[PDB]
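**Q** Take a look at the letters that make up each chain.
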Amino acid sequence: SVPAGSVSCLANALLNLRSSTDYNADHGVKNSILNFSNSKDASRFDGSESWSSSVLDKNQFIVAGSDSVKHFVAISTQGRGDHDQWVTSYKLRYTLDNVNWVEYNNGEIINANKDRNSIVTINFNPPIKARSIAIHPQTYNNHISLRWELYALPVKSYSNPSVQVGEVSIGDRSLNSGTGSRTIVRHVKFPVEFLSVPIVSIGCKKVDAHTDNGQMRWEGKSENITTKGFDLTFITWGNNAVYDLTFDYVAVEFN
Amino acid sequence: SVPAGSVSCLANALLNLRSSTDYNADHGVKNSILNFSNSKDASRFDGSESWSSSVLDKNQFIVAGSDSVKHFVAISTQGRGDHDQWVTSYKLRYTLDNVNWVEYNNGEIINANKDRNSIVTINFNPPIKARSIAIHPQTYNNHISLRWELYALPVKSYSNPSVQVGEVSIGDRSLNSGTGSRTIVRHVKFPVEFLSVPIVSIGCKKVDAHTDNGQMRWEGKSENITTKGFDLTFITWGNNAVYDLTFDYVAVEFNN
Amino acid sequence: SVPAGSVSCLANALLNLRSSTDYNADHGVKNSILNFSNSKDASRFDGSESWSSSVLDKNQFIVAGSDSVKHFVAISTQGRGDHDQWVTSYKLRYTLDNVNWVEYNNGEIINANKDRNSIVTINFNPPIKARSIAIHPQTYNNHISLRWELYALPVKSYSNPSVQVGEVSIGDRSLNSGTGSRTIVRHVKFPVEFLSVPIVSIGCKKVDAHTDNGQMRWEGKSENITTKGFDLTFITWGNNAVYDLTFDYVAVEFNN
Ligand SMILES: [Ca+2]
Ligand SMILES: [Ca+2]
Ligand SMILES: [Ca+2]
Ligand SMILES: [Cl-]
Ligand SMILES: [Zn+2]
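Chains as they are written, first to last, in the entry's author numbering: chain C, 2 to 256; chain A, 2 to 257; chain B, 2 to 257.
Any given hint could turn out to be false.
[Stated by the list, open to error] In silico DMTMM-like cross-links for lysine to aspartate or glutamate, where the CA-CA straight-line distance does not exceed 25 Å:
#, chain 1, residue 1, chain 2, residue 2
1, C, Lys190, C, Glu168
2, B, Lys190, B, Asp173
3, C, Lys190, C, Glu254
4, B, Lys157, A, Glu254
5, A, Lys92, A, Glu104
6, C, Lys130, A, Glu104
7, B, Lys222, A, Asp173
8, A, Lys229, A, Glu168
9, C, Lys222, B, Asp173
10, B, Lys222, A, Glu168
11, A, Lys229, A, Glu194
12, A, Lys157, C, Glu168
13, B, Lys59, A, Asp27
14, C, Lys41, A, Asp27
15, B, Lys130, A, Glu254
16, B, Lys190, B, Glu224
17, C, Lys222, B, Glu220
18, A, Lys222, C, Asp232
19, A, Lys157, B, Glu220
20, A, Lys190, B, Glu224
21, C, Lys41, C, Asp98
22, C, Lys92, C, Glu104
23, A, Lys229, C, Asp213
[To be verified] For each label pair, taking beta carbons as the anchor points, the in silico distance ranges come out as:
#, chain 1, residue 1, chain 2, residue 2, range
24, C, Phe46, B, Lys229, 50 to 60 Å
25, B, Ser90, A, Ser170, 53 to 63 Å
26, A, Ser197, B, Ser197, 18 to 28 Å
Honestly, the hints are just simulated from the structure, not real lab data.
Idealized CB from N, CA, C, for every residue including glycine.
From just these sequences and the hints, can you work out the full model?
**A** Here it is, written out as structure tokens:
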């Protein structure tokens, strides 16, 4: 079973494909998408409804890859739509760093197809975590020919952040006197405008302040965050005299 | 108009393409880039100056995509270069998550080409945020055959920075005695060397210090930052005695 | 020489490729990887063991690209496996932004191949920092035909991190009385669950505490981290009364 919500990688043209060999360009990996089907006009040939290797041995493969870390949850294979050709068993190989390749599950040989069109699906628990994956047919019927699809987790909503950083201080004696709940606002303009409204984290890196009968009171808050900047509100209360406070900030936009 | 400073996606080989069907490999999406043209020698066929479908109906397309989120600002289409074939109208589809596709602009049919070579450009306002985008020919002259280019915003430099994190303390009594402005430096080494110089944000997560007639004074600064590490300078002044301090740090490396 | 531990980009299918021209589909970029080799059977053509241009001039190229920034450390070229065709000199161009192209080493003409199968390697010092790169044959032997590989630095463990952010407080008087080492835990849930265990940095943004004979004491520690959340353990010791503390936190997810 293909888990609900998963991404069809070839359907969405998310992976580059490279076969070991092709019978010819009209039998190439571009024709390997699961359920691939073309013209039924038998007078002209518009391509095999599969990838088909040229060499017939145990060393053929399609490699599927891209820069990003995919979490593959399953793989589906299928035979050739237009001729009695199919892969009947295959091994999997993969790589997360693109330098070291590993055998999936110690070189597990997986039972594949029995006919032209029936879909056989394999599920990975836990997901294979890879940048490139390769299918390696071991046995076949008539010829090494397949359609297939790879399934991956969708991308997390938090992914691909943009970040801007900086520091901000009171800079003067605004909170160094008076009584009660006291506030002073520093307006921060981000060096560059965000696309979406960031979330902002702050951290104190300087405290110069007087206790009030032994009590220390200071707070920093970010507020009125927009795409262009925000307000760092420096806060004190009781009778505390804050001479200076400094925060670093980290602003993060996603999605 | 193609907006100034845009990225030509197929030109920079930035998108994978997948057609519904190919007339044959010599009419493949590999031959679809705007203005593609090959040998003019009529005696030998080196492929169409177009992508060309095999099936002729309303259901053909090219899908274009990649792991990343594009900000598509425009699209251009053109007919076949070497025969009288072009797409007269098409719809667009796109997807951000690669699970749910949306009809561009509620399924708007866009008037496309009426010759081989004139370029028809469509602007997107606002930009289309998608991982994958598909052109869906609705009407054609003679055959479903086209050349195209997709245009997108350049990558902004504040996106996907690298990060490294860690913690640093005084770890001893260095600032816990003495008078006036007092500093001790902690030389911090990042777990992995960066390829270029990061910035280094810090925040305090431990105070253990004595007041000086009721005044608290401490500070931390990251200085002398390199690809390999930085110095966290712990500071006190007056007659504050600082028993220990701790910072979490976050080193952020941009555009690499 | 190819530096030990480089990534072979074409081998791992990390780049889209686009030629200026193909002799035909059976001579396309898909057949261009270093050492590419097909059936040795002379009674049916299964494609060239090379890419081969259609037009024979000095304006042919393959463009290799993708979304992410690469650091290319070397190129390797080869001639055609199956006929006496090979590139004898070439130039390189690249782009980091996919708007502005630059000429490798001010258009240096690199001496290339001499036969079908010997591999000629060029080292890039420093690495070419590029999203796309293009090989431009200048001279050739019989036909513009080649095989190649591009080598890149492996991705750093620290790249493409994701970040989540929030705040936590004691929010009550738990730490405000008693004596000796006292702790209170706040369980934090991440707005979205992470795919793997993050690291969690914190920095204080509120202190409301009493000194203990002039000594200030407070600490925050992020503990018990999972995909779903963590514990912020607020800490005081000696006889300090902490009325409240607040932290911001930065949760960072690596290698995903
Ligand atoms: Ca057919
Ligand atoms: Ca031609
Ligand atoms: Ca052959
Ligand atoms: Cl404090
Ligand atoms: Zn990518």
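**Q** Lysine 190 of chain B and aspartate 173 of chain B were given as a pair; does the straight-line alpha-carbon distance stay at or below 25 Å?
**A** Cα-Cα ~19 Å, so holds.
**Q** Is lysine 229 of chain A within 25 Å of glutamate 194 of chain A, Cα to Cα?
**A** 5 Å, holds
**Q** CA of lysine 59 of chain B to CA of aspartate 27 of chain A, is that 25 Å or under?
**A** 23 Å, holds
**Q** Quick one, are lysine 222 of chain A and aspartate 232 of chain C close enough, alpha carbons at most 25 Å?
**A** 22 Å, holds
**Q** Below or equal to 25 Å on CA atoms is what counts here, so check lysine 229 of chain A against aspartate 213 of chain C.
**A** Between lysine 229 of chain A and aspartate 213 of chain C the Cα gap is close to 43 Å, so the pair fails against 25 Å, i.e. violated.
**Q** Under the criterion that the straight-line Cα-Cα distance not exceed 25 Å, is the pair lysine 157 of chain A, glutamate 168 of chain C satisfied?
**A** Within the cut-off at roughly 22 Å; holds.
**Q** Assess, step by step, whether the Cα of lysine 157 of chain B is no farther than 25 Å from the Cα of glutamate 254 of chain A, and give holds or violated.
**A** 12 Å, holds
**Q** Holds or violated: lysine 222 of chain B with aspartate 173 of chain A, Cα cutoff 25 Å?
**A** Given pair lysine 222 of chain B, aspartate 173 of chain A holds - Cα atoms ~19 Å apart, limit 25 Å.
**Q** What's the verdict on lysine 190 of chain B and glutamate 224 of chain B, does the C-alpha distance respect the 25 Å limit or exceed it?
**A** 13 Å, holds
**Q** Can the suggested window of 18 to 28 Å be confirmed for the beta-carbon pair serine 197 of chain A and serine 197 of chain B?
**A** Between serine 197 of chain A and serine 197 of chain B, where Cβ atoms are some 26 Å apart, the hint holds.
**Q** Assess, step by step, whether the Cα of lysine 190 of chain A is no farther than 25 Å from the Cα of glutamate 224 of chain B, and give holds or violated.
**A** Satisfied, since the Cα-Cα distance of roughly 23 Å is no more than 25 Å.
**Q** Does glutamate 168 of chain A sit within 25 Å of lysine 222 of chain B, going by the straight-line distance between their CA atoms?
**A** Holds, at roughly 11 Å.
Violated hints, in rising order: 6, 19, 21 and 23; the structure is consistent with all others.
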